[PDB]
Amino acid sequence: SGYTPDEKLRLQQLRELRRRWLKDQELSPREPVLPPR
Amino acid sequence: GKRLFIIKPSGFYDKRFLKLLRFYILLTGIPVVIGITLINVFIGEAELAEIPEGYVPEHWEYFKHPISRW
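These protein sequence lines are chains r and W, in that order.
Reminder that position 36 of the first sequence reads as 36 in the authors' numbering, one-by-one numbering, no gaps.
Counting from 1 along the second sequence, just add 4 to a position and that's the residue number in the authors' numbering.
Simulated from the structure, these hints should not be mistaken for laboratory data.
Just so you know, even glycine gets a beta-carbon here, dropped at the ideal spot from N, CA and C.
Just to be clear, a hint being listed does not mean it is correct.
What the hints assert, rightly or not - Okay, the calculated beta carbon distance ranges per label pair: (1) r:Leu11 / W:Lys12: 24 to 34 Å; (2) r:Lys8 / W:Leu25: 26 to 36 Å; (3) r:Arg20 / W:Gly5: 18 to 28 Å; (4) r:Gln12 / W:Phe27: 51 to 61 Å; (5) W:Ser14 / r:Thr4: 39 to 49 Å; (6) W:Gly5 / r:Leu17: 45 to 55 Å; (7) W:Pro13 / r:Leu11: 42 to 52 Å; (8) r:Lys8 / W:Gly5: 28 to 38 Å.
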């Protein structure tokens, strides 16, 4: 059989947090702030 | 588009050590190389000659390079 409902809920919440963390790894257009060389 | 942050260890301290090592080596390396070049060009090396009769050389007159004699 498939997952339990508790396994499904934990997987859903972990996937949501993982996708938020992976989204937060993106770079801002101003980054990197290079010093004047 | 789609630029990701790359997680890497702190490379600041290693580069700082390498820069300090290079600077403190070169700080006396460059004057010593310049001085050796100026010794070689303007002072120059000695020339082998037979001992004159009745003359005894000093103990440092048996070497060729000026720095070795010094």
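| Which of the stated hints cannot be reconciled with the structure, identified by number in ascending sequence? | Numbers 2, 6, 7, in rising order.
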